[PDB]
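Listed next as structure tokens is one chain, alone, in the form deposited in one PDB entry.
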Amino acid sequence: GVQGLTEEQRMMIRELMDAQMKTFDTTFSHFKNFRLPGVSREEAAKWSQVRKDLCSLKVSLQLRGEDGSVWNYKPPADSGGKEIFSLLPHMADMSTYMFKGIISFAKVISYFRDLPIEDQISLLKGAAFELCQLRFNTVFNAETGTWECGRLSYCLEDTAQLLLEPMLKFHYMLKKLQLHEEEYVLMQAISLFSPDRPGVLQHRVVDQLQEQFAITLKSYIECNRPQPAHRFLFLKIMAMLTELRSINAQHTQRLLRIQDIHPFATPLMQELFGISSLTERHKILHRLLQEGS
């Protein structure tokens, strides 16, 4: 494990690292004032689907006070509707905090703010959820199945192996890889600068950027950490960047289904998922992407 890449490959890694640290609070300290849960048929097959999405997707919420208190929340099992949208207005507030932490992560990326405004928007829309999951995997724990997010601590609920859910299977598989923080931020650059996303005008620019980040990542693993049992790791990471788009796809259809029935999405969230120029249409994103205060 000795190190050594091109100077360009070195500056671009630390460009991400000091963009990650600059915009990602691993303690979620600045995340408060958020919402919390409370203290006509045959189309309903649509409803049956929504409940199916969530019934593998159960979590024990938990708030720690600065004292020693644990305000723990456990989820209601399902026998009906409206009980299921419990954490939904809370999660909607979490993402609004994560996503502007995503928008800012890209906002400070030099390559990113060099792309035109109507291209930054497009890159963020298709990478928002992708970026969220990779950030959440850093704070994910295997032998408890919880996302220790500072004061918040979203746990897991055994039922029978909900690895039958790929979403969960992702976080588990991505975690057994034991990635260095330098690799996480490269997967983010790779995910953020994907040229296939709907709206990417400057295709060649973004395409080149991705490849750069990709080889940088492989070379990182190749000449840093290369305990020769660490081959195939670029493969495993590649397999995860690939799975991250099944997960992205399937959870976008998920979100759509839910909002279809129960509208809860924040004016941000709607812009990030589509719920005429873009800047007129993504005015809150437009403002967040010109913002210097």
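Throughout, rigid core stands for the largest set of C-alpha atoms superposing within 1.5 Å between the two forms. Residue numbers count along the first chain shown, from 1. What changes on going to the form deposited in another entry:
- Residue showing a CA shift of 2 Å or more between these two forms (rigid core superposed; candidates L63, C55, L241, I261): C55.
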Second form
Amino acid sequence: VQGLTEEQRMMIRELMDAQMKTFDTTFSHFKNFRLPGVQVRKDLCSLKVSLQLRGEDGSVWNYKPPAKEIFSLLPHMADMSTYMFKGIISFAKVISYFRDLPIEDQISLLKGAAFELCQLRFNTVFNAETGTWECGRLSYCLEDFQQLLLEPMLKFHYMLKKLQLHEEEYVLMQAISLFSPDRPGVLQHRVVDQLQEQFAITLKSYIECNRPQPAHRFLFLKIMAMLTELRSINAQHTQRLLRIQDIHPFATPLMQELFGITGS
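Right, and the form deposited in another entry of this protein, after the form deposited in one PDB entry?
Next up is only this chain, free of partner chains and other molecules.
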């Protein structure tokens, strides 16, 4: 199924192939991470998360948080973030359009979008019926209403999930986010921008060709608005993270590079 030009079909295929090669959807290789042991507030969410690890032998470990000092959870969160960031970096470097950019713009684009592409991937393993991100043998369950939807990042995941996007549309959202001409430090602003417009046109065109239903009217514009919201959620989270890092260091080396922390 198409309706697109051959160059548009190639673009989707190139993105789908990079996603296939760099997204471990069963989180098989996320191993030996840390776990909670046996203006700091006021800017953090009131959302609590419970953790579940299914054992290879069928046993289950379950973690419930106190019922809110979440410092015990940060090293684990830093390790999962780092694992997702590694996937995102591998995603970008397999795309020809990305490789073709100057090294400095690659770093600048990855610094801008790594959070955003990570969330887009986490949305594909989110279960909106049970409030759970299902990451292989690892589950993150939301702790007990619609008061949960007032945390903007949770609302993003629920709203994005309700759109019932195809694999192809998730991977085009990832490309539009990554090829953002107005990220800090971008030099080839015009090249990145024309790439972005092509990915966007392909998405608009894909939607027009393969989603005739009345429920998918304005779907392209809905997706664009969620990408705008994701970008704003990105700035909010970066600043929450740098505040905590200033009181309680937790960012991995890789997170430090992405957030421009230098070690001094």
